[PDB]
Each structure stands twice: as C-alpha cells, then as structure tokens.
Amino acid sequence: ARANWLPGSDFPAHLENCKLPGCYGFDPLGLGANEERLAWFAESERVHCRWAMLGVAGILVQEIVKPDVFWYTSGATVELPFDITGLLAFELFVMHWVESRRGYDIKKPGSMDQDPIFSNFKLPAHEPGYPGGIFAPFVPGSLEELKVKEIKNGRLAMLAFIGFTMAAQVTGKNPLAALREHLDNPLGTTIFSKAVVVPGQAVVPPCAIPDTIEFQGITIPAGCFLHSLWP
Amino acid sequence: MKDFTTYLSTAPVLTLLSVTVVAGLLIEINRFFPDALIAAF
Amino acid sequence: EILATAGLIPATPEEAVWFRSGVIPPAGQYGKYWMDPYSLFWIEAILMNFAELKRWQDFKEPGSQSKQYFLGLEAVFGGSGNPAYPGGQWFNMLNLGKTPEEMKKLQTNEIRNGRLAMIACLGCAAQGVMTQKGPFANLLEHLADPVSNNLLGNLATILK
Amino acid sequence: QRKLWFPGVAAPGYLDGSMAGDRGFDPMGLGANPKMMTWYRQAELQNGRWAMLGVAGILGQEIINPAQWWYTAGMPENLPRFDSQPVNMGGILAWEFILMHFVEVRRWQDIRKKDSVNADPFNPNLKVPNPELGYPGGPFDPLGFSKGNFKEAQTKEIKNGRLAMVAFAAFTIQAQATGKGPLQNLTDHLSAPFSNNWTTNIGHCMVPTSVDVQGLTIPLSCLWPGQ
Amino acid sequence: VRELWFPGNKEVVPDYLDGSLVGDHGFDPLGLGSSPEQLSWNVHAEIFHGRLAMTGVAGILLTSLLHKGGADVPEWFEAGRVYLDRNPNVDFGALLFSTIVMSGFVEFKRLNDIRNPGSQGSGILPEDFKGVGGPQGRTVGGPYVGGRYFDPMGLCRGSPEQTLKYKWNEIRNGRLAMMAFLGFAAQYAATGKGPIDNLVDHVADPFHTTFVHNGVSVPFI
Amino acid sequence: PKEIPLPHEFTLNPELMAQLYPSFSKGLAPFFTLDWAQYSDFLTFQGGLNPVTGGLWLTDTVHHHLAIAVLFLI
Ligand code: CLA
Ligand code: CLA
Ligand code: CLA
Ligand code: CLA
Ligand SMILES: CC1=C[C@H](O)CC(C)(C)[C@H]1/C=C/C(C)=C/C=C/C(C)=C/C=C/C=C(C)/C=C/C=C(C)/C=C/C1=C(C)C[C@H](O)CC1(C)C
Ligand SMILES: CC1=C[C@H](O)CC(C)(C)[C@H]1/C=C/C(C)=C/C=C/C(C)=C/C=C/C=C(C)/C=C/C=C(C)/C=C/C1=C(C)C[C@H](O)CC1(C)C
Ligand SMILES: CC1=C[C@H](O)CC(C)(C)[C@H]1/C=C/C(C)=C/C=C/C(C)=C/C=C/C=C(C)/C=C/C=C(C)/C=C/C1=C(C)C[C@H](O)CC1(C)C
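Protein chains in written order, with PDB author numbering: chain 6, 35 to 265; chain J, 20 to 60; chain 3, 328 to 487; chain 5, 30 to 256; chain 7, 6 to 226; chain A, 234 to 307.
Keep in mind that a hint or two might mislead.
[What the hints assert, rightly or not] In silico PhoX-like cross-links for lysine-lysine, where the CA-CA straight-line distance does not exceed 25 Å: (1) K64 (chain 5) / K188 (chain 5); (2) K425 (chain 3) / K188 (chain 5); (3) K15 (chain 7) / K394 (chain 3).
Hints were generated in silico from the structure; no laboratory data involved.
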C-alpha cells in the first residue's frame, strides 16, 4: 500500500495513521506502544538524527581538509588552543543549559519559549521538537516533506556514523580511506572476506586502535569497543 | 503442603528438629571455641 | 553374523556376534562406532524415554497424544481402542488387514512369530553362554555333526 | 487422486487429490494442519526446483568439464578465473548473501500474505500475476508456457522436483561413497557391476577429514559414519 | 486446555495451577506449591530466580567470551580470588557485609511488597513502585512492577497481548537460564574449564568430548 | 589381595578355576551324568577348621549349602 519498511506487511497498532514524519510501520519490539514514551522516543530520535548528521559531516570535512589526521584519535591528538578541562567544563555548563531547556520543552511545550534576558523575544507556539522561528530562518517549500527529508537523512547519518566507527575500529583508517581501500579491491576488503566463523575455527580481523592511549599523563582505556563478540 | 507443614509442626518433629539445631549450634560453638572452661571476656 | 559369514560386510564373524557388539564390554567390544557406547546409551535413553512415555500415556488415556503439538507428528498418534494396535497413518502405513478376519489372522501371525522369536532370543542367550559362538555358527556346527555338537555333547566345554 | 503411492494405502482426508502431486502419502501426518501444509508445499517447491538446478548443473558440468569433480568444485583453486580480481570466498558469499536475502525475504512476505509483494517497488502499476502461492509468473513466466493446461504441468514440475531431490541425495551419497562423479559411477557400473555397486563402495568415506580454504578450516562430513 | 508438561495425562494438580499463571504447564508433581499462599510465594521465588539466573548467566557468558579473547578478565569460578589479588586493599568481610546490607535494603523492599502488595508505592518511593499485580488475580505489587523506573521503556503499558508475550518470554528465558547455571556448575565440577571453553571444545571435537569423557560423570571411563 | 583376579574373571572362564580346582576342566558334564564324585575337590566333607584361618572349610560350606538347597527345594 503506502510506504512501508516491509512492503506487503501492515502497520502495527501504535503506528496506525502516524503524525510523526518518517513513519514506515517499524517498531517490531513495540517500544513506542506507550503514548508519552513514543513522544520521548521521537525527540530522542530527532536529536540523534541531528547530532549524527553533524558528526558525519564533521568527520567528512575534517578528512577532506586534513587527510593525515585520524578522527577516532582526533580527541587526543589535535593540539587544542585551550586547556581541555576548562573546555569540557564550559561545554558541560552550556550544553546542560540548552539540553535542560529542550527537555523541559518536551515535558511541557508552553513553558519556556521566552528569552530569560529580553521579554520581547519569545518563540511562537510550535509542535514539540520543532522550535522554528529564530531557529528556522529559511524554509525551502512546505514543512512536512522537508521534515521527512530531515528525518530520513538523520537515519542515514546514524547508520553512517556507526559504519564510520566500525571502519575505524576494523581498518584503523579513515572511512573515506576505507572507501578507497574497498573500491580498488572489492572482493577481499569485505568483512565477509576477512571475518568467517565456522564450527571449528573463528577468524577475527585484528584490532588496530591501541588498547591504552596516553593523553596528558593519564591513560584512557580506549580499546576497540569489545572484542570476543567480533565475527 | 498445608498438611505436610502441619505434620512438620507436630510436637515430635518440632522437638527433634529443635534439639538437632540446638545441638548442632552448640557443637559448632565448641568446634570454633573449644575448651571454654570459664566465661572470660 | 549371516552377513559376515557370507563376507558381504568387512567384519570378522567372531566379531559380528551379537553379544560382542559392545552390549556387554566384558563379553566383547566394538570400538569402531562413531561414539563410545555410553554416549549412544545416553541418546538412546532420551529417545526411548520420549517414545515409551508417549506410549505409556496413550495406554493410560486411549485418546490422548494427538491433542498436544509435537511438530505436527501428533496426527498419527490417535491410536485405536486396543493399546497394542494403534495402526494410524504411520503404524499401519500400508493399510493391511482391511477386513476384520484378515486383521485377526495377521494378528495371530504376528503373535506366533513373536513368541517364536522370544524363544529364539532366550535360546541365543543360552547358546552364547553355552558355546561362546554366534547362533549361526552354532547352527552350522550342529548341522556338521548333530550327534557330537548338541547340548549334552557341549556340556564339558561351556565357558572356555 | 486415482492411483496412490501404495496399492492398498488409504488416502488422508486432507489429501483429496485437489492440488498437484497428490498420491495419498504423508505417513508422518505433517500435512494435517492446512497452514503448515501450505508451508510444506512451499518448501517442497523450493527444494525441488533447487534440486533440479543442482542436478542439471552436476550433469552438465560432468558432460562439459569431466576433469572437475562436482564435490570439490567449490574449492577456490578449482574456481575458473574470468578476470584479474583476486579470489576471496567471502567476496562471493557477500554477493549471494545480499541478493538471495532480498529475493527470499520477498518470497517470504509473499508466503505470509497471499498477494502481498506483487508490485514493483518503484512503480506500483505493473505487477506479477500469481494464481496461487509459490507460482509468481509474469517475468518469471515470459515465454507463456502456462495459461492453458496448468494442473498437469504443475504435477510434471512437482514430480520432476521429487525426482531431482532423490537424484541429488543419490549424487551426495555416491560422491561420499565412491569419490567419483555420478555419470562416471554409471559408466563404472556398466563395466564391472559385480564389484562397482553399493556393496563394498558403502562403508568408505572418500571425503577428506577436513579442508583448508585460504586459511579457514572446514571440518566436513560424509552423511553416514563409515570409513 | 493448555499444553502440559506431560502430554495427555489429566491428573494435573487441582485448580490452583490452572491456565492463568505465566509459564503454567501443570508441572507440580511434588505439590510444593499446593496451598495458595505457598503458590504465590513460589511464583515470586520463580520470577526472582529467573531474573537473577538470567543476569548471572549473561555475566558468566560475557566474561567467558572475554577470557577467550585475551582480555584481562577471569573466569566466573575464580573471579573472587582474582579480584582480591588485583585489589588487596579490599577486605573480604568488608565487601561481604556491604553486599549483605545493600542487597538487604532492596530485598526488604521486595519482602514488604510480598507481605502487602500496595505498601511500597508510597512514603519515600513514588507511586511507580506500587506494582501492577498479575499472579493470583491481584492488580498491585507482586513480581511484576510497572512504572517508569522498572519499565522505563514502557513495553508492558499498552497492548495486553504484548505484555503476555513478553511475560512468557521472560519466564521461559528465566527457566532456561536457571538450567544454564546448573549446567555451568556441573560442567565446572566435571571438567574444570569455563562454559565457553566447554562449548568450543565440543564444537571443535563433537566426539570424544561428551560428558562421559570427563571421568567425573561416568566415574570409570 | 590387590593382584588376586576379580570375581567375575574367576566366574568368566573355567581355565583359572581348573588351575585352582581341577574338576572344572570337565565342566558340567559329570553333574548331569551323575558322576558327582569328581566334584570332590570343591564339594568336600572334612569337618574341623581350616588351619590357616581357623574358620570352616569353604568347600564344606559350599557342599552344605547345595545339600540344604536341594533338601529345601524338595
Ligand atoms: C537511538 C536512535 C533512534 C531512536 C530513539 C528512534 C526512535 C524511533 N524510530 Mg527509528 N531508526 C533509527 C534510530 C532511532 N529511532 C535508525 C538508525 C534507523 C535506520 C536503521 C531507524 C529507522 C526507523 C524507521 C524506518 C522507523 C523508525 C521509527 C521510529 C519511531 C517508532 C519506533 C519506536 O517506537 O521504537 C523506539 C526506538 C528506540 C527507543 C531506539 C532503541 C535502541 C535500542 C535500545 C538499541 C539497540 C540497537 C540495535 C541493536 C541496532 C544497533 C545499532 C547499529 C549497529 C545499527 C521512534 C520514535 C518508525 C516511525 O514511525 O518513524 C517515526 C519507523 O518507521 N526508525
Ligand atoms: C512377521 C511379524 C509381524 C506381523 C505378521 C505383523 C502384523 C501386523 N502388525 Mg506389526 N510389528 C512387527 C511385526 C509384525 N507385525 C514388529 C517386529 C514390530 C516392531 C517394529 C511391529 C510393530 C507394529 C506396530 C506399531 C503396529 C503393527 C501393526 C500390525 C497389524 C497391521 C497390518 C500389517 O500391516 O501387517 C504387517 C505386514 C507384514 C508383517 C508382512 C510384510 C513383511 C515385509 C517383508 C516387511 C516390511 C518391511 C519393509 C521392507 C520396510 C519398509 C516398509 C515400507 C516403507 C515399504 C498387523 C496384524 C499395526 C496395527 O496394529 O494396526 C492396527 C501397528 O500399530 N506392528
Ligand atoms: C524437503 C522435501 C519435501 C517436502 C518439503 C515435501 C512436502 C510435501 N510432500 Mg513430498 N516428496 C518428496 C519431498 C518433499 N515433500 C520427495 C523426494 C518425494 C519422492 C519420494 C516426495 C513424494 C511425495 C508424494 C507422493 C506426496 C508428497 C506429498 C507432500 C505434501 C504432504 C506430505 C507432508 O505433509 O509431509 C511433509 C514433508 C516434509 C516436511 C519433509 C520432511 C523431510 C524429513 C524430515 C527428512 C527425511 C529424509 C528422507 C527420508 C531422506 C531422503 C533421501 C533419500 C531419497 C535417500 C507436502 C506438502 C503428498 C502431496 O502431494 O500432497 C498433496 C504426496 O502425495 N510427496
Ligand atoms: C528455584 C527455581 C524455581 C522456582 C521457585 C519455581 C517455582 C514454580 N514453578 Mg518452575 N521451573 C524451574 C525453576 C523454578 N520453578 C526451572 C529451572 C524450570 C525448567 C526446568 C522450571 C519449569 C517449570 C514448569 C514447566 C512449570 C513450573 C511451574 C512452577 C510453579 C509451580 C510448581 C511448584 O509449586 O513447585 C515449587 C518449586 C520449588 C519449590 C523449587 C524446587 C526446588 C527443589 C526442592 C530442589 C530440587 C530440584 C533440583 C533441580 C534438583 C537438583 C539440585 C541439586 C542436586 C543441584 C512454581 C511457582 C509450573 C507452573 O505452573 O508455572 C507457574 C509449570 O508449569 N516450572
Ligand atoms: C528503530 C528501533 C525500534 C525497534 O522496535 C527496536 C530497534 C530495532 C532496536 C530500533 C532501533 C534500531 C537502531 C538502528 C537504532 C540505532 C540508533 C543509532 C545508530 C543511533 C546513533 C546515533 C549516533 C550519533 C548521535 C553520533 C554522533 C557523532 C558525533 C556527534 C561525532 C562527533 C565527532 C566529530 C564530529 C569528529 C571529531 O573529531 C570527533 C567526534 C567527537 C567523534
Ligand atoms: C507394522 C507395519 C505396518 C505397515 O503399514 C506395513 C509394514 C511396513 C509391513 C509393517 C511392518 C512390519 C514389520 C516391521 C515386520 C517385521 C517383522 C519381523 C522383523 C519379524 C521377525 C521375526 C523373526 C523371527 C520369528 C526369528 C526367529 C528366529 C529363530 C527361529 C532362530 C532360530 C535359531 C536359533 C534359536 C539359534 C540357532 O543356533 C540357529 C537358528 C536356527 C537361527
Ligand atoms: C514425502 C514425505 C512426507 C512424509 O509425511 C514424511 C517423509 C516420509 C519423510 C517424506 C519424504 C521426504 C523426503 C524423501 C525428502 C527428501 C528431500 C530431499 C532429498 C531434498 C533434497 C534437496 C536437494 C537440493 C535442494 C539440492 C540442491 C543442489 C544444489 C543447489 C547443488 C549445487 C551445486 C552444484 C550445482 C554443483 C557445484 O559444483 C556445487 C554445488 C553447490 C553442490
């Protein structure tokens, strides 16, 4: 019928006639069966989409302008202009402020659209999770299909970031470097080529990121997610 | 198991289990604290 | 034993004797099985436990064992009125004894053949203790010289 | 119905001869549940057609490339090379895994609901006309050999599929027992049938105890314990 | 009615193990939960045993997988001495008493829920710790605790058949994990190696590596 | 007692028994032919005590048990 995550199948119960953008009748485990839980999961999905979009775009642009640096270790070897403890504290304070405001918007919409400084500036009434106003200056057409575009690009970017970190853990190099490693040898650079388990032998690709990395005196156990369960 | 527990609550079963647990407690007391002639604190 | 005597199987006829097949390790062992006899007995115990317990519950309730799911195999476990004669789609797959008198005649055939086989199994055990050789070998030796090779003529050498 | 698998067998009630291949079998009673019965007919169709493809492949490979045994034809060193790309068995397994996963999920969704995934995923204007389950047609029937008499052709397909299943079981057992090809085994039986039969040939597993495939060890087996 | 632990056979215990409890297949040959109060107590014990054994078996499996991967992770049967050797500043009595006290707090919370199903959803705890009931027909307390804290994803609020399916999942997985821990203990006793070690030893060599070849189960082979 | 053969292998074959009691070389043949006097090595009747142990002769106990078993079955 309509657009579905599995053509020919039907929507569940909680997803019948979705108001959320990018609804394709998924949720096999029924995580969104509850009402307010579905709204909380929608907000978490939207911020996950946007954060992963930012992350994938940042990794790609950092590699285009600087191919010699490795994004997985970029947090330890980048030469910060400022000290890291004060930087982390500044981020914690300001992001605590903004995320508390966003979360309390999700708890109740008409509660904090107002500038705490200036009484004249205030966001207009909006659907939860879509602030707009100052946050949305320029809109290319109607809002609904562009929201669908945003959410679909966000799903793609979350999958992209997971692929990025797995390429970094398996190959030890950049995901565009991993791309150019896969194109010249398509039959051999696949994970099926380098990782086969059979009842009698298990072949696991070696981990490239060092288990312990030293950073300003201390050591961080940034190993390789977890081994053992690797195919 | 109401009737079984009532049988376990009967006087001979309860007195045998009680003297068993009391004797075992005293025996393990003498096992870990032997030759206690006096109550020296 | 009749296959080893003909040479069709690559088993020595002294080894192809039934009690030397690993049923009694003191009486003889066959170490070429794909597992040791204890593992085979473990899985045999599980499988016989399945089969004989379902058979027992069908004996106790002569309508059960078809109401509970068994990977679709419960359809042939209805049985009949007689516990000894289920005869469903599996137990009577070829459908023989269509008419009751033929069924009774074939039942008599089965019971007579089986009681003859009970006598034969007891005899095979007694010959195995008596002669330390296979039943087919005992038959061949008796047919060679019946006067000398009998129960009274083998009464001296019995476990040697 | 008419003639059954045995001269005296009573047909099951659910085996009324309505659909293709009915010879009054099922001694297990696996066909009592109609839902599981349709599932098992789907499994029979898939297994029969795959057995046809496998048996035809073995026969054609033996008559065209007799120097290569079909049992060991999956080895990387026996794989014929068509280009300069290195051979990697995970590379082939990725292509087949993805493609067969797609097509088998499509077939599974068709099995779950009759008339479910008939339309093209891009343009939903032209579809496949399946008359019943397991029989898609359309592009799968481009030469138009159905349409007219469909029941006898269906029984032809299912009986040839059963024959191909039995033939592939024969091929596997013969390959494990004799270590040679099937048509070569038939030729050997024409020469010395009194020594090249299932006697003596059985009880020996000509399969090696293992195999190494570019550093990967596969333990292998030969269906029955006999060496 | 329902699928029993022994197909056919209608001597299944009288109508206290009717087809109402989750996981009910009529299995009580010894009558250890015949009285209704003991039945409710044993339902609490079974759910708690299933959840605890599931957590323990998952931990054992993960630590055994990590041990085969070369990580600095001990096996489950020796993790206590390994922890004491790696951390000599911890007193054994200290850690044991701390475990007793912290476990006792939440276990007395659960106990006073068992005594009174509605008494733990007030006072210091919020209304989410009231419980949702389930067994024996009650709609409060019991082994199943709803709320946004013990069901933060809310997978049994809404769609009752989803709740029933998930409860059946939980009880079947809990019984399976209890038998799994029993197997872990027996395999450690009879072999001296870990569970994953035993599994990959049997997968590598299907034959000559069964339970009869360890010399403990069969005590002469 | 460590190097003494186990009871079953004494029971298993009449060879070791014939080494210890020579009447087992002929087996059950003198029993069914009623030449029971050849079983006199292990079916004895001396009386008194075994001087090694001070107990009764075990062959005498065997003969006793066989005789009373026949009497009781009668
Ligand atoms: C953590 C990120 C996240 C979150 C919060 C959501 C949340 C939501 N998604 Mg979404 N989704 C995501 C990621 C996420 N998604 C990604 C990456 C993809 C691409 C594969 C999709 C593709 C997708 C589709 C096609 C649809 C949804 C839909 C929905 C909504 C209903 C489903 C539901 O109620 O369950 C809530 C889901 C969660 C609470 C996430 C739980 C995460 C678990 C606990 C971790 C397990 C990870 C799992 C094993 C995968 C490993 C990650 C990686 C290896 C791939 C819901 C608000 C449906 C909808 O109606 O749209 C509005 C729908 O049609 N999602
Ligand atoms: C010669 C011995 C003998 C005889 C005369 C019978 C006779 C009978 N059996 Mg019985 N049975 C036997 C041995 C025998 N059985 C043994 C050894 C077992 C243990 C495995 C069984 C177990 C058994 C069960 C569980 C049942 C019967 C039933 C029956 C009755 C059904 C009618 C029938 O099909 O007859 C049998 C016909 C013959 C014996 C002649 C054919 C002999 C050929 C040479 C052997 C066929 C084997 C074949 C080569 C293997 C493949 C079979 C097929 C796929 C080709 C019938 C009266 C059923 C019943 O009671 O119906 C109500 C039923 O429930 N039998
Ligand atoms: C995997 C293959 C397969 C499958 C799924 C089916 C499925 C089905 N068959 Mg079919 N059949 C097959 C193979 C198969 N068959 C072969 C090879 C033959 C030729 C001997 C036949 C001959 C046949 C006839 C004559 C009839 C059926 C019928 C049926 C239908 C009802 C039977 C039933 O319910 O049991 C379901 C069956 C299964 C679930 C398969 C289980 C396989 C077991 C577990 C393995 C057994 C191993 C086997 C003995 C060894 C084979 C190798 C050997 C040759 C050396 C059903 C949908 C009836 C029908 O057409 O209905 C209308 C009927 O009349 N079949
Ligand atoms: C200690 C864990 C535990 C507990 C408390 C329960 C409790 C309960 N079970 Mg359950 N069960 C368990 C484990 C447990 N089970 C496991 C591991 C399995 C999988 C094998 C099952 C499978 C099962 C089924 C299929 C069913 C039940 C059912 C029941 C309920 C009624 C039975 C009853 O009243 O007897 C009370 C039980 C006990 C008092 C515990 C028995 C412990 C004994 C006394 C020790 C000996 C057993 C031990 C295995 C022997 C080895 C010990 C040692 C040598 C290693 C009841 C609430 C029935 C039900 O209606 O579900 C609600 C039912 O259908 N159980
Ligand atoms: C839907 C559902 C429902 C049902 O029922 C169930 C299930 C199935 C479970 C589900 C789910 C699924 C899934 C897939 C999920 C996932 C998610 C994700 C992936 C997220 C991520 C997400 C992700 C994310 C955020 C990410 C982010 C990232 C970032 C920011 C990055 C950053 C960075 C950069 C720039 C660069 C530098 O130098 C460094 C760093 C710092 C590194
Ligand atoms: C059920 C059914 C139903 C469906 O539908 C159909 C069908 C399939 C037909 C079916 C089946 C059937 C069957 C299984 C049958 C079988 C039988 C048998 C095996 C018999 C034997 C049977 C067997 C028998 C009698 C045996 C006998 C034996 C004998 C006499 C022996 C003798 C002897 C001895 C003492 C020793 C010496 O030194 C030698 C000799 C001379 C050698
Ligand atoms: C009917 C019934 C019913 C009742 O109720 C029960 C009973 C009695 C059980 C029954 C019976 C059944 C049966 C007989 C079954 C069988 C089946 C089969 C055999 C299958 C196969 C099936 C088979 C199949 C698929 C196969 C396929 C094959 C293939 C793909 C192959 C491929 C290939 C080739 C080309 C060559 C290369 O170089 C390699 C390879 C790779 C090797």
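Tested hints:
At most 25 Å may separate the alpha-carbon atoms for a hinted pair to count; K64 (chain 5) and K188 (chain 5) meet this at roughly 22 Å. The hinted pair formed by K425 (chain 3) and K188 (chain 5) fails the criterion: a straight-line CA distance of about 29 Å is larger than 25 Å. A C-alpha spacing of about 12 Å is found between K15 (chain 7) and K394 (chain 3), which places the hinted pair at or below 25 Å, so the restraint holds.
This entry does not satisfy hint 2, going by the numbered hints stated previously; all others are met.
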